[PDB]
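Let me begin by presenting the structure, written as structure tokens, before commenting on it.
Omission of a single protein chain aside, the complex is shown with its protein chains in their original locations.
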Amino acid sequence: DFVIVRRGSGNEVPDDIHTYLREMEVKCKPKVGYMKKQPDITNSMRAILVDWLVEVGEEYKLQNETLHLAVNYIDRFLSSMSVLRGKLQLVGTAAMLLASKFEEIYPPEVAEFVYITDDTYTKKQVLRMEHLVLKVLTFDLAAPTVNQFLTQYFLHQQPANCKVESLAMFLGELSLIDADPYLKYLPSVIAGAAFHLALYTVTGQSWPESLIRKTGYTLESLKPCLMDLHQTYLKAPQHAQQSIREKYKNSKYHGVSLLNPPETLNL
Amino acid sequence: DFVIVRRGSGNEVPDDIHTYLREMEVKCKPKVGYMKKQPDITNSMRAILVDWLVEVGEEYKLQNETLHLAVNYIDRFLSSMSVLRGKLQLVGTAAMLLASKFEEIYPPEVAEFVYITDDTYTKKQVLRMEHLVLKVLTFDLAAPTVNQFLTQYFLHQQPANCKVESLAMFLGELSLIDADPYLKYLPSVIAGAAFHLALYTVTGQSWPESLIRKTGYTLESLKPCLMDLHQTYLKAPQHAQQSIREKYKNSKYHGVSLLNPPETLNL
Amino acid sequence: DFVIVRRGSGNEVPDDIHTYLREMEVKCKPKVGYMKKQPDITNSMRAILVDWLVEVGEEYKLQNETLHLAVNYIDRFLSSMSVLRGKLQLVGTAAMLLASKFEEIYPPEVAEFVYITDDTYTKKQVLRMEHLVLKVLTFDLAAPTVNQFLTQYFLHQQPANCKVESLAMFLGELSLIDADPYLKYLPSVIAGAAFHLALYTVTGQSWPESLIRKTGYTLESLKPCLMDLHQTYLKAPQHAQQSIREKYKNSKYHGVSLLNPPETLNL
Partner (left out) sequence: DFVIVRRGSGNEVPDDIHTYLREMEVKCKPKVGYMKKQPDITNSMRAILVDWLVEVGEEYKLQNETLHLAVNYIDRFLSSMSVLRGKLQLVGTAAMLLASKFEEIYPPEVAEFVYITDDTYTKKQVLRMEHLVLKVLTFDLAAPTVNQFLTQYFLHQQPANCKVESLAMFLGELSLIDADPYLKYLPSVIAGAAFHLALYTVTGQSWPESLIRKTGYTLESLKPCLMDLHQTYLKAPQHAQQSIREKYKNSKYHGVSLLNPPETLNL
């Protein structure tokens, strides 16, 4: 088999790409409800950590794939490991370093992450946590993300729309902040609800039949995830984490965070 | 309490953010009328200095928060200290260095500010003035800005508008240049007049009721500040300081400085 | 004769530029059907290599001329040389290095190409392959490209259109991926079909008469190439190589890859 070597590694090599992602999203899934079993930290502390990683990604011009991978590493690590408040940010720093060295072409090194943490950790503390996360993750760094499923869904858009794609990615990142209602849904289901809600807002069209035959998810299958996602869109300006609404109000995303959300989804 | 360490420091930690800013904008307020008591410099000299700092911010891609903080440091320093003409620019250079090291992630160092001053000062002269400003400011560098109040007002916009937000920020920076009519108003009041004037120009809507219940400022409360702000908007092309109109004619701000100002505010 | 020295070298010096390109596009033409005679690699492997070079060009902000030249060097080298699977990517890496050092002002050096290959080759392996490609190409690096013919065609557009020019360049790069139906057409013919298909999609106008008198290609002359190019446009979202559709969905190209292709060309 012929394969091209490169720096980005969160890509499915030649094999139906969508069929491979569905089989892998189940494996290495974060244990839902670990935050209740977590003694020191809570969901509100995780939402702040994930929101701070969004600002780190925007500072170093990191891809959206690097952000979703870092959040996947945090939830899986915290599901089987107990971390304190002061070390929680160290876990997120090392997780962002792992996702950068795995997906980015020119990733920020350890000295860069020590710099952005205002010199509160050492080069060894980040490397130890990075090595600790690797051992906990059993070195399985390839994980399907909401960004990966959204890319596959866009190939079936007829026609394509820049506002729909940008709004879908905006809704996808909002699910990373709140772990209470979204950690129980699969990345393919979250991307499906984000694609429909974005398409319904911009154009009014619904979940296309081409995606029904390809994914098997019907509109009723996505209805539970679509309900929680519709409320976050309505309560987005009131949410305490606003680093994603500021990110998606730029010309690069056609300012989709400024679009008014629908009052009713008619579902 | 859980807190995330970072480089930017002009941010209110978890505590109602708007209630905290209103209590702090009164503290460390610049003494109105210090320019009359200033023997050597005048308001026209300050307007040139502030306008030159806008060009410095655009040269190093500095945030708008860094600019407002630098102006806040200058007015407070000049309120209790007498500075000559030749040393006035040295004060603004050190104030911009303080605001950069306080808010920016990768701030320009001392060598950068000596470079942009065409090598008219030394590394010690900037560091001495920087240390002198810190002692005069009693190391209280956190100060509410017009940019901070505008960010809070945008969360209550229904719906949001990119042209209204950019025009509001444009009017906010124009108040920094002229100290004669705007140093007597609070940052929350200036941001309120800038938000209404921008909203009235683009869409015709007025000061929303959601901001009335949140801030307490009515349209009559903002009327004195709105009168002086409406004249600066009308006399903006005739003003001697045009570094802000050139800054806000770019695609990043949707070219709001080219929009025609309203002839009458109907107030 | 007066000539200005510079870094870019894929430019016709003063001499009718279009007449010179037509005479040179025939010389050093790739042998059609070499892939059938190629024992180890196939057309699907070449499509992946060319698609990976598009991502390399976007990573280093390389001009479109550098990409077309690299593909021209690969097809000519592979036409007279047999390469294995593992060395095929080494050929494309050296070809991209040659095109960069020939056209780019600040080209990526050998260390940059070794970096993007995930350190699978050495500095000598890239330099040896680079020297091997030069000897096979007889040091004739100047070759007319589809990008060069499109630039000449745009001067005769009445009026010019940003969407037509960007869509024409998008269709031009898609021909580089698939070598089976497009290696038998000349760059001037591919650019002609790409210009007409782009103009027909955006505005509905057809191949202008000003280009008929200048190039001699009529609409019937371009009809065979236009048929194969119309199918690639229709089957672009279904194609396995999507690095060009993602490249041309940016604001820099006015998002022409999101425009719906015509169902029938009426030819």
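Going by the order they are written in, the chains are A, B and C; count residues from 1 in each one.
Just so we're on the same page, a contact is a pair of C-beta atoms (placed from the backbone, for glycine too) under 8 Å apart; a residue touches a chain by one contact, two chains touch by 3 or more.
Q: So which of the visible chains would the left-out chain be touching?
A: The omitted chain makes contact with B, C across the full complex.
Q: Out of B:28, B:48, B:127 or B:134, point to the residue that touches the absent chain in the complete complex.
A: B:48
Q: May I ask which residue of B:14, B:33 or B:237 touches the chain that does not appear here?
A: Answering carefully, the residue with contact to the hidden chain is B:237.
Q: For chain C, which positions touch the chain that isn't shown here?
A: 2, 4-7, 105, 155-156, 158-162, 251-252
Q: Which residues does chain B use to touch the chain missing from this display?
A: Residues in contact with the chain left out: 41, 45, 48-49, 52, 55, 59, 85, 88-89, 116-118, 120, 237-238, 242, 249, 251, 255, 257-260.
As a convention for this text, only the chains that are shown with their structure count from here on.
Q: Which one chain sits nearest the middle, judging by mean Cα positions?
A: A
Q: Which integer distance in Å separates the CA centroid of chain A from that of chain B?
A: 36
Q: Please tell me the distance, in whole Å, between the geometric centres of chain B and chain C computed from their C-alpha atoms.
A: Computed value for the inter-centroid distance: 50 Å.
Q: Specify, in ascending order, the residues of chain A that touch 2 or more different other chains.
A: Within chain A, residues 251 contact more than one other chain.
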